[PDB]
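For this depiction, one protein chain was excluded, whereas all remaining protein chains were kept in their positions.
Here the chain labels run A and B in written order, and each chain numbers its own residues starting at 1.
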Amino acid sequence: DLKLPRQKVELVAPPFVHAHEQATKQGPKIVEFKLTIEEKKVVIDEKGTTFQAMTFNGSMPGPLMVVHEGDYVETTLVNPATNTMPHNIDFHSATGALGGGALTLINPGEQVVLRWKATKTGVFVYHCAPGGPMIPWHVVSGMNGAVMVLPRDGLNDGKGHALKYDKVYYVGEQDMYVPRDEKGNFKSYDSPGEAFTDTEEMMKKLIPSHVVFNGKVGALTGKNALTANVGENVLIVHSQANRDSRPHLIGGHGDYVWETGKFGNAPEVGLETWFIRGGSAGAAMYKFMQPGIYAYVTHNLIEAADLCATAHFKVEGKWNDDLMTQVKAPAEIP
Amino acid sequence: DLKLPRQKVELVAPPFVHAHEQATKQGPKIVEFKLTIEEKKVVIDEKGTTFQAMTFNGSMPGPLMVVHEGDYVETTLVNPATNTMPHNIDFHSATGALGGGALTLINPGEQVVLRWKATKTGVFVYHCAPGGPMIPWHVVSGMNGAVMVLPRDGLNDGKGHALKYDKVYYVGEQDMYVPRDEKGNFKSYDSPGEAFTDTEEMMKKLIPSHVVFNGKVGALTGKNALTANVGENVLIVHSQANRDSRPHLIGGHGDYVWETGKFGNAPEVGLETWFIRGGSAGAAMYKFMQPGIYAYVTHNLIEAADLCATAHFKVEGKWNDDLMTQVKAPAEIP
Partner (left out) sequence: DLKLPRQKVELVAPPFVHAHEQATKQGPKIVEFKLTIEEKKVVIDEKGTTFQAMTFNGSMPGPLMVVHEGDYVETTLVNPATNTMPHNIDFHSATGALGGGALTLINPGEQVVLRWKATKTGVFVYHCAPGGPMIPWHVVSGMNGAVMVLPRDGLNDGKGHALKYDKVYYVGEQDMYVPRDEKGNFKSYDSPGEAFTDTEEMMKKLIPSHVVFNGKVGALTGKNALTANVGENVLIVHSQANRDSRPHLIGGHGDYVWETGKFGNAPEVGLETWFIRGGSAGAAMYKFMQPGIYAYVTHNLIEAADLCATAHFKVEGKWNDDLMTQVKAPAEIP
């Protein structure tokens, strides 16, 4: 019935983002994505704590899907028979049927195909929402990601100037609720079903045990640090499907920030810390001016340093002494 | 002394709103409202948990009061002798005397009349504030509502285009603190005074037991779902007098949103989730494009699904397959 060209997208694991154009001369197309649900026990910290995760495509967050305004997004959702629970998908970018959730419920062994038109620009959460108390449980178990709907002319600053990024990263923040036993050690479970009772009791007290980026403490540090060069404009897309976050780039700024994540609104300029409302994604762009290590954190510093919510950037380039200099190194007080 | 025409308003229970004009050719008037305090034990969940509520006009939230910029709002506050405590009222829309709280303290058996000029447009909280530790207790017991001060020319989009709503609903979100006994069951009390000690201990730990719309789990579901039709522009006013909230219309958007609630500022466009700061009201308008059920939630999904914060909309009209379609129904994986 709908006769537009079709384009397949090969999704990639976060924090990377599949190849895409910013400004395009393509007209609308049907863009085809596939997500396969995987339920799996994973390690979430350096002490070896385990967690019953539920994921789109094996990752937390699920992959970033990128399209342009007026595209039709056609998603094949697959729930293999090796899973134990029904799942679905709700796109905050979509209109009707609970974001698609009412049309995508699939038992283990089934798949479904949903199409929605991308009428609203910005970055948006997607997540599983199977019904009732299951909705929060599936989301905080890892079943969330994001989709970016770009204007066809790319991003702008709201004063008529183009904003082009040199690279984009997707940082998905996940609040996790891992119960402790009487001795005070984290509990491990054999199945998501068995984790449910204890996990729900903890969830309703609203305090996470862990808050992590990309699924694990230290995921985006060391070999897996984010990278840039002095002079590069980097877009950081940040989502949180359940709980607020307050991103901050230590040693940098948000030069242009859409904290509510929606490109019909002009970005704010020159922020120190921005706010991602639980159930939303936002985006910040920064042109790096200095080399060295930066940390990207939520600026609840207890969550950042003690609960897991810290990423690093390693930046190459030349140090600018005009911007900052150590006038006198540490020395004994006169 | 002040010689303007007087107009009486018959308040209605939320989520409905008394009849009013958007744009008006009336000039300023003295608009007269009456609020009668009622203290009462109420049921707040489907399990039969009870709660010592304190309310304006018998409802949680108190009713929405609607006026226009430059009107004088004259409120008669009544504290009948059947109540046990002093009460007052603080309007965030008003200027001076702690929002009127310093001029409205009334013991059981008394009434008072306050007038304030509506110099600031937007939606604003009102709440009881009797002094000291009583202030939070009365507010989280249900003594809060909102008032909407419209521009005389009605709402606009900040680019010169009128925004007219077809209907308005008021959703008041209430964080409730109900203590549990040693067995882990919710406690019941014979009076608000007796609930005070246990309730205050719990309040200071900052985690609610319930978060509800319109006073009870499921208040705005079933027979009492909100309603609309495809093509209707609906304004949703949302208040939270004590704690943040992150409203989201599942399957829709906020087409025009004043998250800080104040109409001197242009609305933001095309939001997925917005943020209501504790101690404020905000407003979002959406033109429905699809029929069916929508849920309106705070997008802390634990609060929404497990603690009570979910409303429904039932929308009539024709399904738009261009916006969304199930391409292939659930079927066995090839």
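In this text, contacts are C-beta pairs under 8 Å (C-beta built on N, C-alpha and C of every residue); 3 or more make two chains touch, one makes a residue touch a chain.
Q: If the hidden chain were put back, which of B:116, B:169 or B:313 would touch it?
A: B:116
Q: Just name the one of B:20, B:41, B:187 or B:277 that touches the chain not displayed here.
A: B:277
Q: Touching the hidden chain in the complete assembly: which of B:74, B:173 or B:255 does that?
A: Selected residue, touching the omitted chain: B:74.
Q: Could you please point out the subunit A residues that touch the chain left off the display?
A: Touching the missing chain: residues 207, 244, 246, 248, 250-253, 259, 268-275, 289-290, 292-295, 299-307, 319-333.
Q: For the chain that got dropped from the picture, name the residues of subunit B it touches.
A: Against the missing chain, subunit B presents residues 1-2, 74, 78, 80-81, 90, 92-107, 109-117, 119-122, 124-125, 129, 132-133, 135-136, 139-140, 200, 203-207, 241-244, 260-262, 264-265, 275, 277-281.
As a working rule, only the chains that are shown with their structure count from here on.
Q: Roughly how far is subunit A from subunit B, centre to centre by C-alpha average, rounded to an integer in Å?
A: Taking the average C-alpha coordinate of subunit A and of subunit B, the gap between them is 32 Å.
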